[PDB]
Every structure is written in C-alpha cells, then in structure tokens.
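Colleague: As a plain string of letters, each chain reads:
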Amino acid sequence: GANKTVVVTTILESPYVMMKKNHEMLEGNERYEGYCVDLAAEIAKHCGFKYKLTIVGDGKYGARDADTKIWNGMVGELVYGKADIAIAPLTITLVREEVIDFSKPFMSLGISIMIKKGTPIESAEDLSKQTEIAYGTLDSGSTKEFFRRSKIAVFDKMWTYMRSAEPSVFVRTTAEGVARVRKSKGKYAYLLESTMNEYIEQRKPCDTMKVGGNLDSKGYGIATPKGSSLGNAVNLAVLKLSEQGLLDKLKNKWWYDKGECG
Amino acid sequence: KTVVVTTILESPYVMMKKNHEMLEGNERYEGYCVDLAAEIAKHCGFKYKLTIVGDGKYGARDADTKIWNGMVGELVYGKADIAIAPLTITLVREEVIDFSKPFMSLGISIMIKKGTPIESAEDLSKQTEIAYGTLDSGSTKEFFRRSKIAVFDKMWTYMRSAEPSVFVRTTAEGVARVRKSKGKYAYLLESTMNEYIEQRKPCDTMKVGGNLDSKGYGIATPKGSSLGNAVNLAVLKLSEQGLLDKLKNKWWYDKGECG
Ligand SMILES: CN1CNS(=O)(=O)c2ccc(CCc3ccc4c(c3)N(C)CNS4(=O)=O)cc21
Ligand SMILES: N[C@@H](CCC(=O)O)C(=O)O
Ligand SMILES: N[C@@H](CCC(=O)O)C(=O)O
Ligand SMILES: [Cl-]
Ligand SMILES: [Cl-]
Ligand SMILES: [Cl-]
Ligand SMILES: [Cl-]
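Those sequence lines, one after another, are chains A and B. Residue numbering for the first sequence follows the numbering used here, starting at 1 and increasing by one per position. Residue numbering for the second sequence follows the numbering used here, starting at 1 and increasing by one per position.
In short, the hints are calculated from the structure, not lab data. Every residue gets a Cβ at the ideal spot worked out from N, C-alpha and C, and that includes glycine. This list has only true hints and no planted wrong ones.
In silico DSSO-like pairs for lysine-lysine, Cα to Cα no more than 27 Å straight-line:
| hint | chain 1 | residue 1 | chain 2 | residue 2 |
| --- | --- | --- | --- | --- |
| 1 | B | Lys-154 | A | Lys-240 |
| 2 | B | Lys-154 | A | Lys-249 |
| 3 | A | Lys-249 | B | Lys-148 |
| 4 | B | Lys-246 | A | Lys-151 |
| 5 | A | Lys-151 | B | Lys-255 |
| 6 | B | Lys-18 | B | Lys-255 |
| 7 | B | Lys-237 | A | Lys-226 |
| 8 | B | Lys-250 | A | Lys-157 |
| 9 | A | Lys-240 | B | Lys-223 |
| 10 | B | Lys-42 | A | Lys-226 |
| 11 | B | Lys-114 | B | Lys-184 |
| 12 | A | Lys-20 | A | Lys-82 |
| 13 | A | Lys-4 | A | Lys-45 |
Derived DEER-like restraints, expressed as beta-carbon distance ranges:
| hint | chain 1 | residue 1 | chain 2 | residue 2 | range |
| --- | --- | --- | --- | --- | --- |
| 14 | B | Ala-63 | A | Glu-125 | 50 to 60 Å |
| 15 | A | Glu-176 | B | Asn-229 | 33 to 43 Å |
| 16 | B | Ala-150 | A | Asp-67 | 53 to 63 Å |
| 17 | A | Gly-28 | B | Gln-127 | 44 to 54 Å |
| 18 | A | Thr-54 | B | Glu-122 | 34 to 44 Å |
Computed footprint of chain B on chain A; a stretch qualifies when at least three of its residues, placed anywhere within it, have a C-beta under 8 Å from a C-beta of chain B:
| hint | segment |
| --- | --- |
| 19 | 92–98 |
| 20 | 103–116 |
| 21 | 148–159 |
| 22 | 210–220 |
| 23 | 233–246 |
Can you build the whole structure from these sequences, using the hints too?
Modeller: What follows is the structure, encoded as structure tokens:
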C-alpha cells in the first residue's frame, strides 16, 4: 500500500533524547534533540521513510510482568503494535530478542558504578562486602534484570541485598539515581550503563565518578516488531553509518563536545 | 545431519593441539572458537565437524570475478553450514551472508615493536621511515580501502602502492615482520589479536593508541539458513550467563606469558 508515517517510540534520556531550549515554541520532531534524534534522522534518510517521534507513555525501557506476562515500556509499544520502531538506548537482551527484533548494535556499553567523588568504593566486590553505602539500579530495565538473573557470586550477593533493601534502592529514572548519588553524601552508589555514566561525569556540578571496570559487555540496537519489513533496511543502515564513522562523530558530538567539566 | 563448521587457524581462537597428529576430528583443535562451537552446538542440539578453511582466508570479494573467497565464500557457495571464527561483521558481508549478534568486541589497532616512536594512526600517516600494512582478504584492509576519513585515506594511498608489499597473508607473518624489522614496520590488526600477542613471548610488541573503529565478531550462516535464529539466541544466552567472559579470560589472560 501507500507509504505511511513510521511511529518511532523513544524515551527522554540524556543525551539520547532531550527537550530543546524553547521546545514550547516547537511542535513534532522539532521539540527534541540528541544522539537518538540525530540517529533517527539518518536511519530515516537511508531507509527513505517519514517518521514521528513519540515519547513512551510510561517512561520505561521494557520489562515483562511476571504475573500478567504483559510487556511494558518501549518493548511493550512494539509488542502490542503501538509503535513501528524503537530508536533509543535499548539494550539487546535474550528475553527481548525472544519477542522483538534488534538491529546490529549502534553503540557499546556495560554496567558500571557511579559514585559521588571521594566515596571509598573501587569495584562491585567493594560494594558487596560492606553495608554503609547503599546501591541500586533503574526499574524496568536490563540492568535490574542482569542482577536478578546472575549466578556470579558477587552479583548474586548484590541482588540479594538490593531486592530486600529498605528504603528501596531502585529508581524510576536515571535522573533520580543521579540525584540520589549527589544528595546522599557518599552513602549511595548507582549502577547504570557506562554510556550514561560517562555522560553525567562531564556535566555540572562535576561531582560524580565512574569507578571500576564494566560488569558486562552489551550494546544498544534499533528494535522492530518481529517480522517487520523495516528490520533488514534498518540493520544495513546502522552498519553503513558505523563504517562511515558517523556513529563515532555522533558520540563525540553529544558526549565530549558538550562536556562541561574541562 | 552433521553441521559443517568452517573456521580458521588463528590464535587463540583455533590452534592445533599438542600431538594433534595422533588425534582425529574435532579433537585436533583447541581454543576460544573451539569451546564456543561446542557451546553453540549443545544449545542448538546439532552435531558438527570443524573444518579449517582451505585457502586460509577470512573473506573478500574479487573485484573482477565478484567471487567471494575465504570462510565467507564457503558459506556463499554451500561448502559450509556455519562459520565459527573471529569473523568481523561488515556491511558488505551482511549483504551476502547472515551474522548473529556479536560474541566479542574489537577495533582496528596498531602493533609496534617496543620503542618505535609511534603513538597513533596520525603519527604513522605523517612519516615514511616506518612502513605499515594489514592482513590480506580481511575486514581491516577493506576498512582502509573504503574509508573517506582523511588520516585513513592517506594511509590507504600509501599502503596500496608501497613496494615491497606491506600486506601479509597471515597474522603470524605480520607479527614476525614487526619483530624482525627493528622498528621499521608497524602492523594494523584487530585489538583482540594485538592484546593476545602482547602477552606472548618474547614480549617485544606493544599496542599503541586508541582503536580506529568499533565492531564485533559474529557467527555467520548462509542467507536464510534455518540455524540463524537458534544460533543468535544461543550467543545471547552465553553472553548473559557470563560464559563468553569466562572464555575470554581462559584464552587471553590465562595464556599471558609476560607477567
Ligand atoms: C558499535 N558497533 C557497530 N556495529 S557492529 O559492527 O555490529 C558492532 C559489533 C560489536 C560491538 C561491540 C559491543 C557489543 C554490542 C552488543 C553485544 C556485545 C558487544 N556482546 C559482546 C554480547 N552480545 S550483544 O549483542 O549484547 C559494537 C558494534
Ligand atoms: N538500556 C537499558 C536501560 C538502562 C538500565 O537498565 O540501566 C534498557 O534497555 O533496559
Ligand atoms: N577479523 C577479520 C580478519 C583480521 C583482520 O582483517 O585484521 C575479518 O573477519 O576479516
Ligand atoms: Cl500517514
Ligand atoms: Cl551427516
Ligand atoms: Cl605437536
Ligand atoms: Cl582462494
């Protein structure tokens, strides 16, 4: 049939998607800026489709409710046919690949530790062997699922603590985790993806630090519903952009060219 | 039916065992990709036969005949059912074969003999005393041939016409050239292999500078293969169980010989 506008689900997560200065004077895709906004435009141009960016209603990446088995977040938008494609920092995972399709990765990441500068923590093993400093993860994402499912001794011990900690150590948004690090005087550490950690480290007031090596090695992919006709073209577009160096330029544009800490 | 796996002799991915001459079949070989093959086959439930690619090449398309060689060619023309090897995901290959999600990350990197006054690709491009080249018939050479980045295009212009040839047929030949050229040759190769060799005797090479790109290895199948889906889910399963990280530590850090 005739060409229709592709519905893109994404999420407000800096620097992937951010509200522009004066967004209240703008409409449609012009309201937004960031790495994934630029990436959407490049993918759409190579694949030759028009699109509308839509922020996921519940603000979640995507997890499956154990009881109802209903998917939420951006994953749910694809599963239930409310969006045609997700262009966001959406981590490739086994459970998600069982229900949606992912392109080859457009960016690498691993789980990492964010501390307030001066916190006497250097590693996940350090976190697991003490109780003075609390720590947690984002809700409804791949990081929380990583710890829930891990059989590695240190990570299993961390999950056993996190799942029962009171008050809750989990946060609903990355911004809430950053605020908790900054306001807890070194008594909270935040487990998040190295990409977001490195971005925040270069934003004012320059009071956080990434410590230790990454806990795993993964990537973000552009997601489509299973059997989608867009998957093949999107996949080739990602690989083309990668080999031309454009994904590297976009990373430098939105992370380091924008750095505020020197 | 028994799955024919094409792979390539490349340390520490696939290596001949000690006393291999008295062994038979898959037992002749050891390494990261040998272990990975066993894990994939177990999760997907197939029997397999490891076969070293006849021409010893990863895979490139002949510009004139448009015939693919190497492991890529084995898949395209039906001589193998799957490739389990350090085979780089690239656009040109994705147009003719299928790749799993990546099982290992890498980037192009620089290998020097210790003490060579080179710190970056920009350093190499701005001088002529130190020659440099890449492996033939692989993704690294193709990267430089197709690049429009100023530094890498300048490097390609030099490499393509240098005499004697700066390209080598095997990784081992590139390393030997670094070690024997008294600092007058630097070798462009993937960071995974660079880091492995750096920790092998005689401990006389060094990786310098950041990686020039960011990519990964994938398990490859012919287009439309019924094995593609299961293999992909198996890789992701192994990744999340931490088994790919275990395998890396087994074949890289456990084999380090330089302290
Ligand atoms: C950025 N980029 C460009 N496109 S690409 O050539 O396909 C490509 C392949 C691999 C990586 C390395 C990072 C990564 C991403 C994704 C996964 C990983 C590891 N591992 C190691 C486990 N499997 S995965 O799919 O979660 C990056 C990459
Ligand atoms: N990238 C993650 C969200 C962030 C996190 O879980 O740390 C996901 O796709 O679920
Ligand atoms: N991994 C490369 C071979 C090594 C190289 O080109 O440096 C390939 O798949 O072609
Ligand atoms: Cl429309
Ligand atoms: Cl058979
Ligand atoms: Cl022997
Ligand atoms: Cl040949």
